[PDB]
Amino acid sequence: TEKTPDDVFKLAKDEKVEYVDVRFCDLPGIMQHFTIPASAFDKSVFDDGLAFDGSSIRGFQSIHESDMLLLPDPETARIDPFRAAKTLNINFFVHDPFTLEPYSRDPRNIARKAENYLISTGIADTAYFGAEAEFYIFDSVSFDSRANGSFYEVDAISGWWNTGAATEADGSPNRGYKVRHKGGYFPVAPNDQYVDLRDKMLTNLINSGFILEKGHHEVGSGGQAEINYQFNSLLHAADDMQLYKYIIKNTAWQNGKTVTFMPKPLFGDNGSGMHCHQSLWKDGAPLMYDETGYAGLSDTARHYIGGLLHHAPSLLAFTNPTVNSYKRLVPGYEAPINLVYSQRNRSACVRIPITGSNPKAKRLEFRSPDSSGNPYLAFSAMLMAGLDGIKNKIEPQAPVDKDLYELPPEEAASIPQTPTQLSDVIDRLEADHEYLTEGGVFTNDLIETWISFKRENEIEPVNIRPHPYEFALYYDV
Amino acid sequence: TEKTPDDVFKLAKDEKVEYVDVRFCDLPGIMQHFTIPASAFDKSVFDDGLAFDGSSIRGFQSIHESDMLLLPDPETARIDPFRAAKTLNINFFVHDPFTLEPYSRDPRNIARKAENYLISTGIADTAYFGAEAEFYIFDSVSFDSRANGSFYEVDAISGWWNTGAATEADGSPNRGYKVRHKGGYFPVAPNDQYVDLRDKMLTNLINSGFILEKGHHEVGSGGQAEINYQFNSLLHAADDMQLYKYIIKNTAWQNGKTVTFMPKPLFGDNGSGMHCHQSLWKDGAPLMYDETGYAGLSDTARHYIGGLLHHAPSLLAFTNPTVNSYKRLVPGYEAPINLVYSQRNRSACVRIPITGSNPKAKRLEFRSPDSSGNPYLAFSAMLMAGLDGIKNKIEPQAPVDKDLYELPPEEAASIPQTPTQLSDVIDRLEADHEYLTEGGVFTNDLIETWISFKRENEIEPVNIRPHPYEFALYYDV
Amino acid sequence: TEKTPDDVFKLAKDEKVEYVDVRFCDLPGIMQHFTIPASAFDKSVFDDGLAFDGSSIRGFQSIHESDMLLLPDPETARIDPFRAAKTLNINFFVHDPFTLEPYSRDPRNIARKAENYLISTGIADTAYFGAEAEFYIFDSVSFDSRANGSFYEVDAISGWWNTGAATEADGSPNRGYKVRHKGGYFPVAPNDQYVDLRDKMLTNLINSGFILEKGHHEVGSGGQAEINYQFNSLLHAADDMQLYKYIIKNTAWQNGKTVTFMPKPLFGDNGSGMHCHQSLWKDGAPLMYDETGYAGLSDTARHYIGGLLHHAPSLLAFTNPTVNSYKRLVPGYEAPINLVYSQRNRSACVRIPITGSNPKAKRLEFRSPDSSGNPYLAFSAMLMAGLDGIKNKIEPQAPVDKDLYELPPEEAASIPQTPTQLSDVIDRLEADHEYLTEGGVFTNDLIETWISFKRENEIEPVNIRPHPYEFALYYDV
Amino acid sequence: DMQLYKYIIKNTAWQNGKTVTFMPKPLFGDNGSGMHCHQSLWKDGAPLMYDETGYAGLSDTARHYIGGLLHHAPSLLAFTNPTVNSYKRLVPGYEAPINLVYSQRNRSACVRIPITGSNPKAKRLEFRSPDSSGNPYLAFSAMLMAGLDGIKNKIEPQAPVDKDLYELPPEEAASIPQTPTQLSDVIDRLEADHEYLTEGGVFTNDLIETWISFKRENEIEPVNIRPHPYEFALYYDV
Ligand SMILES: Nc1ncnc2c1ncn2[C@@H]1O[C@H](COP(=O)(O)O)[C@@H](O)[C@H]1O
Ligand SMILES: Nc1ncnc2c1ncn2[C@@H]1O[C@H](COP(=O)(O)O)[C@@H](O)[C@H]1O
Ligand SMILES: Nc1ncnc2c1ncn2[C@@H]1O[C@H](COP(=O)(O)O)[C@@H](O)[C@H]1O
Ligand SMILES: [Mn+2]
Ligand SMILES: [Mn+2]
Ligand SMILES: [Mn+2]
Ligand SMILES: [Mn+2]
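Residue numbers (the UniProt record's numbering), protein chains in the order written: chain A, 2 to 478; chain B, 2 to 478; chain C, 2 to 478; chain D, 241 to 478.
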């Protein structure tokens, strides 16, 4: 957006950087990389780019499309706080060597195309995304899948399921303060056993350019935590999310822990979601506010919500893209499965934060997403769903501020739910994805690849493997 | 059918029976019981019945319908070969104390109603069922489900996954012969390590009245086994299945093993199914044969097949009633998921055994079922599906004898598949179950109870619990 | 009371604070928190407040009342001595975002309302509270509750029950000095094994603004300890109590120990109580003294005592709010269960400290309370009970200075006792709580919530679980 | 016979490597163990509980007996459910016989009338609330005395309830009296009202006072002064 290639070279020189880490995003959502010496990092990298091979195998350029060209995004340049050798990390866009044409299956290109499409519609020129990803801090994790058995086990010294431990893992005495009490789930130390670690995470985020102001907090509940930061334009917000996960995971790693952003690592404890605040702006001014509308929402904002709610069944294929996503999105902890908007209900897919009369603070919050996938694709899909709602003036059903939990059974049957299985949302995406292909942001090719990837690599593998509970339930049949 | 109450009293006297075990079937399919002294077993038991309480809680008579009356079925009387104290086992029908009206939720009453309905339609007077249930013999099984972890583990000394064991569980040396070789899966000893156990099972079955003649074999492959026996009329065939499972499970138990009839206990090994051969007879003569028809099938037989194939999506709710059922019914080991009939294909839902010109041997084989449920309900549901096909002269799509595996992709898309999830078949049963309620054989009440039971006690519990493979797949997201 | 927002900003600047910990109290009594960077801590925090979500679930704003606004109390600002990253802790009041109306279920608001009500009655303008909370220092604690068993175990290297230990937990030799001798329970080292730890606690309290003067001591008996400090006005005294517990618990935690403020952690050893000294003042002058009255008590003071004794049965619902509270409040260690006032008896609910002729030192001491609950609610409830006694001129029964222990059985039957069970005091609170709702200090809403919380989360859970002693007593029945 | 039964059950298990318990609630999260007591009065070799015209085939004598059981239940339980553990079974849940009403359907009813038909010799009432944690001689005797007091004073039991007590309109369910939920309670009630027991000198005030003291000093107090494990889960962190 505003950082110049020269700013990056200055950063590299001042920091005495010795290596540059070339990063790009894979299909499912994990950042990939290779390293080059800082001496090889010059103007030609920004002008001509870097050559590399379609490596590994699914999503990207196979051996009929092999070679790729990588072009850097100066706004993503950050000094790595973990690598011993001073390193500068930069994210790249994948292009076709010959035509210099942005590769259609590169998640970062999709996000860029989404931003350009927004501008082309004239509706707005900027889509701001604020995402809040919760995560769990564990001490260990082990699992396997064999012919005659299977298991998984996550553990934490201070886990509430360990109150009866005679001694700790390391032989030291059990000092308590593990129990999860009724009344409040954000107790101070010593009940809060991750204060210093979270502070290290926060310190690393701040040193890595994250902006923490107004309602940006660092919070923890048991082993779960969340550190929210200032929003950003679509693409860069997605880059920020990847950076956040990287910083959270490695700060924990360097401090003897292991973090997971999976939706539901614990059965009988809160899942981890990614609440996404969105809003459209044009010429430096907000487009979501209107004193006369419900919850201070403009016609643009309401139509956007109409798109999100209407497209949710397919949108979730990018927004909650894993089998584990549906262990969180299930009746219980006031799961955002109710296809309605509200200001009160937290079990509503879309919630409008109470921000008052300030037009610049008005935004909508899509609560259903989680961080088990690709933020570039998720944010883009959310924008496309919202834009389709604006273009077709889709009206969302009447908002609900009455507590959805205690509602007369016949009146509660009028509240649509989100699909409860990944195979479902994948089927829905396959059946209805035209809003995604608008302006060429998503291609049928990418969408078909995503559908195949999920079915073959996730849905089928889990489905063919007997679940442990099936033995409790059926060994005796 | 032919045994008299006097025959039972003679059996009891001759065998010097000291206890009588009163058995009745619960909703899901497990036999329940209580014991009375032989001295209390007289004519009044057959005339007046025995009183008992709706005990335990789901399916049967709650505390608004509490007390039940049990009437004995003399044909089910058998001497228990396992109980130390000489005991006579007898199955009972649950009646309403006051009206002496057969309880509508007693599986054995449903099977009896199904047989009576058959007679009332005039179509036939007898429905013969031959069922072949495979099972696995293990040495141990353990599992659990906790907040931070879950596991399951089945094991057998001679399991092919144990070739590398330094020593056996009991410290003795590993003598090999565990490997599962290519070429033939029914090798003789010592590769076959369960010869004596299976013989004990067979001996117990024979001593318990099972008839083994013509094509009735005892077969074993690794830890898997099957002992087939002569068919019987619907109700008694279902009683025979319960007896078979009882004898197999306890023969193993008394010999230091543990048996499971669950559909898919091993990932990467054959599942366990229950192939059900069916045929209608009238006035002592077969109704399934016709030289002129395909595979020697009469119009009646073909229409029956039309009913099975047409109703399969809902029929499977009683025929493959567990979540584990769908780990077997999945693309692979030539799983009976293809909704077509054939003489060659074993992946076909219905197969017509090649029996020649003998009309008495002509029958159809529904291959899709497993023994993870209730045989009384499964057999009854199969009959009702077949009878609805006969009454509405439902024509099954053209049979397929070409190997279904290697079929041109466009021509293979014309082959309907069975649903791949329990939630699916339950949804289908809820939407279409009129063929079941014909003649009052099944009641909407029973069907709704079954649907609720499966959703609340099986589908939901498995669905909310993270699967071990999800950790392999998503811990790193 | 006297600290300015500017004083807080100066403290933050001088201490080079990097984080600000936002604290607020939950219903049962545990402080909650979330952290913001110091850079986000400015004048707008004091003027506009901070936004946050009704999080966790019971007591506070659900999803029909969701969002809350937090306003800081400058008098509670303290530098955290435990957090690695320099942090400033501040307590907040919960307000309604829209109306800026103090949330009726926020314990800190109740205490503030109580102080404002005092002023409105004209009776006095300040209520001073001096609280002395005892606690135990342990090395370990473990416990669990399962279907087939349950246990708990607290331990300390120097515990008197460990005299026979062959070697210590860490393998080191048993050096003795664990025995609890007759004659004196405050022996010097080495019998006193917590001298340095208690000094660290005291040092931390002093560095955190606690005032220790005249009769403020640091005392220890075995693993039990107490450090008393100077009183404060109601609200701030309650804030001081929370701070005290925080400092005691974390000083122990940082030094390899674990502290508990529970009423009765040890069976056969002294319980832990919270003696609360109270007194009313007006225009800078004491209102409790009168040379002519018994024990130097004024009419106002005597009526206050009348209120405490009259309302005790319900007052204890906030003053001794746990099931464990009644293991301390039981016939034995001269437990403050006798509903009378005195100067001699320590088993008297109210004791008047012998302070001489100095009017400024005259005060009453409610001995019955413990620190197992919420100090904001406890102190407020005590004030309301006392004020109701003053308004209705309630006369306490005649004081007793004769040793209550050795009293003629017929004359001892005239001494009322406090209820002996939490369910009892909760029932009494439900039946009589009008004195609490006076001036709107407590609302029926809050009181009903408290009653439900205790019944559902504490009373019922303990009541349904078999006690270990029941097995000693009844396994053999 | 009950004492013999317990002896035979306990020792058969003992000789076979097991250990048996008749305690009311040994397992948390599993069914408790009760002692359903069927009772009936006879005279000159003939039944006195039957009557075709009465509800559930009950005679005036039988109904009054039930009136005595339900009326005296609060104190009767001091001999019928005499232990602290007894109240872990007699608690809202597994359809615990805590509802002070009679019925033919409800198993959560203190008294249930078994459906036996028209045979007068089979008509009897079943007191479901008891357990075997005490003394059968005292329990059976106390039950008889409660029933006889009901017959002598023609105590009428409140209207029977055959509607499922579980799903009942909250305002209509508040009219159903419950049994006390604590041993200290039933002991207090026995102390306050035990005249029906002393009738004909069957029980003496002496025996009753001894029982009350025994329970308070040897059972109630000992359990009450000892912290429960769950209190640590609940309050160690206060
Ligand atoms: N247009 C916008 N204006 C202001 N904030 C926004 C906008 N679009 C997205 N946000 C994000 O809303 C998120 C926070 O939510 P909360 O859990 O309510 O504190 C932050 O991460 C914000 O920075
Ligand atoms: N009507 C019938 N006539 C002959 N056999 C039947 C009939 N109805 C069912 N069967 C059963 O067909 C089953 C065996 O199949 P297989 O695995 O091919 O040896 C046996 O269990 C038979 O006894
Ligand atoms: N009005 C008052 N004047 C003096 N001290 C007070 C007043 N109100 C409460 N106190 C508290 O009385 C407490 C101490 O008791 P002790 O265990 O006797 O040393 C201290 O914590 C005091 O500071
Ligand atoms: Mn949020
Ligand atoms: Mn077969
Ligand atoms: Mn004191
Ligand atoms: Mn009974």
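Simulated from the structure, these hints should not be mistaken for laboratory data. Note that CB positions come from ideal geometry on N, CA and C, so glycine has one too. Treat each hint with caution, since some may be false.
[To be verified] Taking beta-carbon pairs under 10 Å as the criterion, some of the chain A residues facing chain B (in silico):
no.	residue
1	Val-324
2	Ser-372
3	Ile-465
Hints breached by this structure: Of the numbered hints given earlier, the structure breaks none, since each of them holds.
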